[PDB]
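Shown below, as structure tokens, is a lone chain in the form deposited without this ligand; questions about how it binds or moves come after it.
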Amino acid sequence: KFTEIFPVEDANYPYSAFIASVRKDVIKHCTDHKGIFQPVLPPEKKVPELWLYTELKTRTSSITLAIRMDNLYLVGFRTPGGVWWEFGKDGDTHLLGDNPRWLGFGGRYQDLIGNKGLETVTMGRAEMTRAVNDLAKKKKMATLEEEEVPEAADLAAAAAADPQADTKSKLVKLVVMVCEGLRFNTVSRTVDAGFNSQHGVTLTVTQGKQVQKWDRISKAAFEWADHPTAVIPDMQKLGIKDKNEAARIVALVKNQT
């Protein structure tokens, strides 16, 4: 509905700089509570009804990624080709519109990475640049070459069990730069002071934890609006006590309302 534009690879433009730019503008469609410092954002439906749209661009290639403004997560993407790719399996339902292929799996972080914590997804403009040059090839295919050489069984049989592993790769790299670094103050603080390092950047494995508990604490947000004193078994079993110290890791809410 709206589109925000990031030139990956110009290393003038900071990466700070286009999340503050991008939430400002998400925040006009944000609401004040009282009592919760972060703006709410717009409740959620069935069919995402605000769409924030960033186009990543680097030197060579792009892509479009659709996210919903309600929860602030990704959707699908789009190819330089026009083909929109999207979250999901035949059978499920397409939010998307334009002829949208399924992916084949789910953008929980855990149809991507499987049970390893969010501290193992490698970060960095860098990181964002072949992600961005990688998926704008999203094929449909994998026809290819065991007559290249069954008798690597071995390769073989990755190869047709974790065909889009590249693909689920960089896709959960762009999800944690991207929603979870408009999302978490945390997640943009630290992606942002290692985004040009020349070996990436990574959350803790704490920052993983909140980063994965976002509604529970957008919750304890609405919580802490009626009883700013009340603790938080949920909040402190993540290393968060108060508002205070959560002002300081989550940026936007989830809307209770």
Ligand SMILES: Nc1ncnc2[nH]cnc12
Contents of the next structure:
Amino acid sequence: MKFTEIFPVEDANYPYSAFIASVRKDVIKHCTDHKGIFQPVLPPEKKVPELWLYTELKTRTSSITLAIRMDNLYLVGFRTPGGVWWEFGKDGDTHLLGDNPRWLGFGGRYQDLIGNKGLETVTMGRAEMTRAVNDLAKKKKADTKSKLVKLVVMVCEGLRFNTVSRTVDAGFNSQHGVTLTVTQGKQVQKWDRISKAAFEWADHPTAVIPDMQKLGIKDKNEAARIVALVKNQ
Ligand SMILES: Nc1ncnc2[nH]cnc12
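Having seen the form deposited without this ligand, could you give me the form solved in complex with this ligand?
Entire complex below, previous chain first.
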């Protein structure tokens, strides 16, 4: 239950880099040092998550609160200014949130938000993220998918990958915005697997793992500079 330092998205005086930095520091307070594994290993998964990361994003005009589960740096939902909670999911699923919330209608996976398509297409940046927040706070009750998917890569994958927090910070104030490279996306969509190989590599640092080979990742060394935070078991 750690509340994140507010991130003034519209205020160009705050870097994207600090936001991330600040958050990981918070997150890490809860990770464990595993042998042979470079990166801090996240809290172990539980059907009902224990530790949560409440990270609010505010603009000149509005703000929303992000509900992310630590165990796997996944965005479970958000909060509108008026105190309403939207959770990824359909009627019948089980809730994890947080004060009477209203199933968003769709899950929060890439296939769900933009199936068959690659992260290289989701455009991101301070602007895009400002557009996103304001737009998502003006929500009552599907172009709020394209809005969530930006925050998903910007915030969630930014927390998970150095490779993302670097390409995003570098192009955050770009007019044309910033997008990941084909390869990055693929890699980003394989967080789960890279992580598993981080464990595999702790045991056999030598083992060649075609899945990582197939992603442009040679060894545990290369993966270490890509992923910041790892997963499980
Ligand atoms: N909603 C989400 N939050 C964090 N990471 C994700 N990867 C795919 N969907 C995600």
